[PDB]
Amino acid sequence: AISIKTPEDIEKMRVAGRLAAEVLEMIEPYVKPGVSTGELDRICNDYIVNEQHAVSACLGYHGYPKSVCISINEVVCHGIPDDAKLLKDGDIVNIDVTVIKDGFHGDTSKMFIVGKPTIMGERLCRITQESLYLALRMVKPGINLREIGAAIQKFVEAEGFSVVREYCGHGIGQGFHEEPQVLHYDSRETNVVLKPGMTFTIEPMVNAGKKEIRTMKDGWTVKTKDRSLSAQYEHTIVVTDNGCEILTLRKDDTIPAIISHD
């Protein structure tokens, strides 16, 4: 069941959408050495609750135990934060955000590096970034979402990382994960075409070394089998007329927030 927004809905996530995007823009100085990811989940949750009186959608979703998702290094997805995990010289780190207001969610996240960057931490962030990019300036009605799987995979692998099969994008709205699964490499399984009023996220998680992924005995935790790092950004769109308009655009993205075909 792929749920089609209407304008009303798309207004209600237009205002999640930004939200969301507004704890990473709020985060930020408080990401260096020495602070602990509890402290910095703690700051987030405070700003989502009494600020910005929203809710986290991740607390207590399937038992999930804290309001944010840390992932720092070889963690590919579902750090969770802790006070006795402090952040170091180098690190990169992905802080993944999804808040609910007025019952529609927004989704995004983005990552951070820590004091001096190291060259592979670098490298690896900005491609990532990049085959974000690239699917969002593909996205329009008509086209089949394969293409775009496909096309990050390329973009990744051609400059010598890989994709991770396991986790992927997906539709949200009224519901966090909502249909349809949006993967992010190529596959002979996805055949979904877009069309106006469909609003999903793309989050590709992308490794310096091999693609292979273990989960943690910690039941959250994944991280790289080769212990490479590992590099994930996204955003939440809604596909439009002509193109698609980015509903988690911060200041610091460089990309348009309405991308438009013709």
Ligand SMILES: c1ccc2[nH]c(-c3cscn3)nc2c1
Second form
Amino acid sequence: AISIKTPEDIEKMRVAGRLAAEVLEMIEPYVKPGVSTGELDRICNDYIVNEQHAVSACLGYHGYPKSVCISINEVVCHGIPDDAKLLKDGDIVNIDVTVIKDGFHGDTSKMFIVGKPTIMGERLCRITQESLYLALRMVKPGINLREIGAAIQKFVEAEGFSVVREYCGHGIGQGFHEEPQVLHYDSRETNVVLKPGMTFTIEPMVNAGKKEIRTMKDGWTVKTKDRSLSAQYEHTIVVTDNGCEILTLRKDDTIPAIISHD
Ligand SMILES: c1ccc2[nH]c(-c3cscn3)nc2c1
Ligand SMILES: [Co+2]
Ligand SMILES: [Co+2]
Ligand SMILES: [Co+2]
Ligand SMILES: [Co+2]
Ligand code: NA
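Form solved without the named molecule done, so how does the form solved in complex with the named molecule look?
Below: every chain and molecule of the assembly, starting with the one above.
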């Protein structure tokens, strides 16, 4: 559009964003060696539907068959939960949740390391999260999204890693994937000035190796071409008069929910 949310709209996004975040806090103790991604997905859907009184935006959307996306190791994104896929020590696992409540969407993802961490896994997860946080700290009215993507890329590359090009952040509200596209790297194509009341996600995908990615024969599951590890974190935000408010913050986040400039 780009769609500006009213205060009422924003309050409903606060509620959907909290619910999405709560799914991620809930699922954590279940993420252990020997659990399958299929069970994790069931637990999440059961929780969203029967405790939260909400629904998964994933389920049925363009025919997607499950309720969350679960992406392990070299899978970059859109991993499909499966009863036969079991987690094991050292795995890094992204769970991407999107909840609809009262017509509004809340979208967020985080990494989990399973059992005994490996050093590359810990590092990649930490740097990815730090790249999301740096971008969040830049959001305010007047800024251009190009600057934010540029800053993500500079940081990630300086840390020896690479930024997935083909996937980005997005506006969100009564629609799951709204304008604008929120690129996580510098592009001359990008020119979006932020205004208060915009709501969008930042969701960098970072590869320990080379940025290149291959989609699977299923035209969907995405892996890293060099089979390097890939990590992602995502938050949903609203642009405020002097900053942003994070709508999907968790107790384990180490960034304030409200960021203020001046
Ligand atoms: C579940 C179902 C359909 C989904 N379509 C998206 C998507 C489009 S651009 C970035 N993400 N993600 C999905 C997750
Ligand atoms: Co997606
Ligand atoms: Co998401
Ligand atoms: Co998203
Ligand atoms: Co360490
Ligand atoms: Na991954």
